[PDB]
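**Q** Here is how the chains run, residue by residue.
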Amino acid sequence: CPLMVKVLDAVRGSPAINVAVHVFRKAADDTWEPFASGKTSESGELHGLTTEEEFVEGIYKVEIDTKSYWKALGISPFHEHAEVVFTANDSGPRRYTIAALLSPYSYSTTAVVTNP
Amino acid sequence: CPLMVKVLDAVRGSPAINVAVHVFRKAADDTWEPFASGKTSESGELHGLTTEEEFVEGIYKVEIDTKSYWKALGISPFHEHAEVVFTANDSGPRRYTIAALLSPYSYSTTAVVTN
Amino acid sequence: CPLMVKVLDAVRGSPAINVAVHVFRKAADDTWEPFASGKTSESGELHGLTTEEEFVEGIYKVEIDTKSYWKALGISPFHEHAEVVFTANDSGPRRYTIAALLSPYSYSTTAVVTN
Amino acid sequence: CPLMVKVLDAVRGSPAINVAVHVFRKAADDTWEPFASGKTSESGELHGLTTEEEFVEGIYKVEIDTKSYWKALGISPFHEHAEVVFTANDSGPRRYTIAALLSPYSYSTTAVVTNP
Ligand SMILES: O=C(O)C1(c2ccc(-c3ccc(Cl)c(Cl)c3)c(F)c2)CC1
Ligand SMILES: O=C(O)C1(c2ccc(-c3ccc(Cl)c(Cl)c3)c(F)c2)CC1
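Residue numbers (full-length UniProt numbering), protein chains in the order written: chain A, 30 to 145; chain B, 30 to 144; chain C, 30 to 144; chain D, 30 to 145.
Just chain A, with the same shape it has in the complex:
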């Protein structure tokens, strides 16, 4: 699992469950090509997005669908989504965890990058 996403809710004090996440990878022509997608579990974690083979060097965008998540809970939030855009694997394969904490009008994200 070289790409994981963990999301917490700062209003409820809970994992953020059933949050949709789409990952895109910048293509040869400079567009955002769909790469992987999935949704957070009961623990707020999203595993199994990709594999070591498929997760090659590139510029990736991890879009966390915070508006969808908040609307589902009956709340009108500010942002459309939270975006995390970064170059990956440019020194060889790393494992990345993108952690996010969500409020209706704010989010924070950080990355944990490990070398297996």
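Just so you know, these hints were derived from the structure itself, not from any lab. Just to be clear, a hint being listed does not mean it is correct.
Pair by pair, the computed Cβ-Cβ distance ranges are [unchecked claim]:
1) B:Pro31 x A:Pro122: 29 to 35 Å
2) C:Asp58 x B:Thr116: 37 to 43 Å
3) C:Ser120 x D:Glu81: 32 to 38 Å
4) B:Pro31 x A:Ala56: 34 to 40 Å
5) D:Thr80 x B:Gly121: 57 to 63 Å
Computed, partial: chain D to chain A, Cβ under 10 Å [said to hold, decoys possible]:
6) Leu37
7) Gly42
8) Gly87
9) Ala140
All residues carry an ideal CB built from backbone N, CA and C; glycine is no exception.
Position chains B, C and D with the ligands against the provided structure of chain A, taking the given hints into account.
**A** Positioned in the frame of chain A, the structure of chains B, C and D with the ligands alone reads:
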């Protein structure tokens, strides 16, 4: 001044000075069209991006060029840029401040929407 | 104005208005002695806490009464208060802004220390 | 494990290893009585602070020793520590995770509170 951007630096404990910020509006074909841009001041603020008449309802993206900011300070950064994407809705209050706190592997952003 | 406090609300997307803030200085016996206090303004800011002559080097605690703030809004909060504890050191720049972003189960704080 | 602490470093993109944490509990007389302490592991996590029996109702302060952590890495940070003060177990036993993300001049903390 319906739209202001204010950026802080969590490593130096200072405003984030001379950071490029580009704002885009989402066009009818779902592409992002340039809307306004500038560099943050000594106080980490960017005023004067737009006028009331120009800032209509719509989806906007504020891209903050964090990677060049950290490289100019000799610090190795994780992100290509930071992006804040939101709907401007006239039912809400009328003045939008997008605020961001930058670290090399992290950022936080919040909106302050007032009258 | 060597010391300013600015507080934002991540749930409402607004300044955090009428929040009580107490500042303490650490005494020689390691107890916290009252130093300054006030309530944030409509803009979420608290100016005028102290003067240059009064604000000496030392360890300070800024306690932000978040629990009463969230209860007055009818929201159930996690924390008793938020606390920011730091050393004021004259070798650094001279003006300290403590900024905080509040949520019911979370808060972030950063320092902006400038000349 | 009803009380856990997880700490990330926003400068390195890593767990924050070997971070000291002291927990205090407000006593009958209104002082802060030492309750438990420990340090984060290689994963940035601190387990085994307390037990279900000992972690009773009360007002707790979790002090994360961020100044010590940064000084050990050769960095002069702003804060003495990060403090998380909250009432616990006042509706019966819950499990709490206090998550923190640290920068030299900033920190963020959130709580995840679960009902076993
Ligand atoms: O296993 C992890 O990585 C978990 C975690 C999830 C989120 C956070 C965290 C805590 C604070 C902030 Cl501001 C952000 Cl962006 C992320 C954290 F510190 C830890 C505990 C869920
Ligand atoms: O005028 C404002 O709004 C300023 C400001 C700029 C940024 C922040 C801020 C502080 C903490 C976090 Cl996590 C975030 Cl996203 C933003 C803040 F609280 C305040 C103080 C300069």
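**Q** The structure should be examined with respect to each hint, and the outcome stated for every one.
**A** Quick rundown of the hints versus the structure:
1. B:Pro31 x A:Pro122: 29 to 35 Å: 45 Å, violated
2. C:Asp58 x B:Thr116: 37 to 43 Å: For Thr116 of chain B against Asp58 of chain C, whose Cβ atoms are near 55 Å apart, the range 37 to 43 Å is violated.
3. C:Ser120 x D:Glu81: 32 to 38 Å: 47 Å, violated
4. B:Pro31 x A:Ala56: 34 to 40 Å: Cβ of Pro31 of chain B to Cβ of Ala56 of chain A: about 35 Å, so the range 34 to 40 Å holds.
5. D:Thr80 x B:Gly121: 57 to 63 Å: Since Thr80 of chain D and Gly121 of chain B have Cβ atoms about 48 Å apart, the given range 57 to 63 Å is violated.
6. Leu37: 6 Å, holds
7. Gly42: It holds, given that the least Cβ distance between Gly42 of chain D and chain A is near 4 Å, below 10 Å.
8. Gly87: This hint is violated: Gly87 of chain D lies away from chain A, its Cβ roughly 18 Å from the closest one there, beyond 10 Å.
9. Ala140: 5 Å, holds
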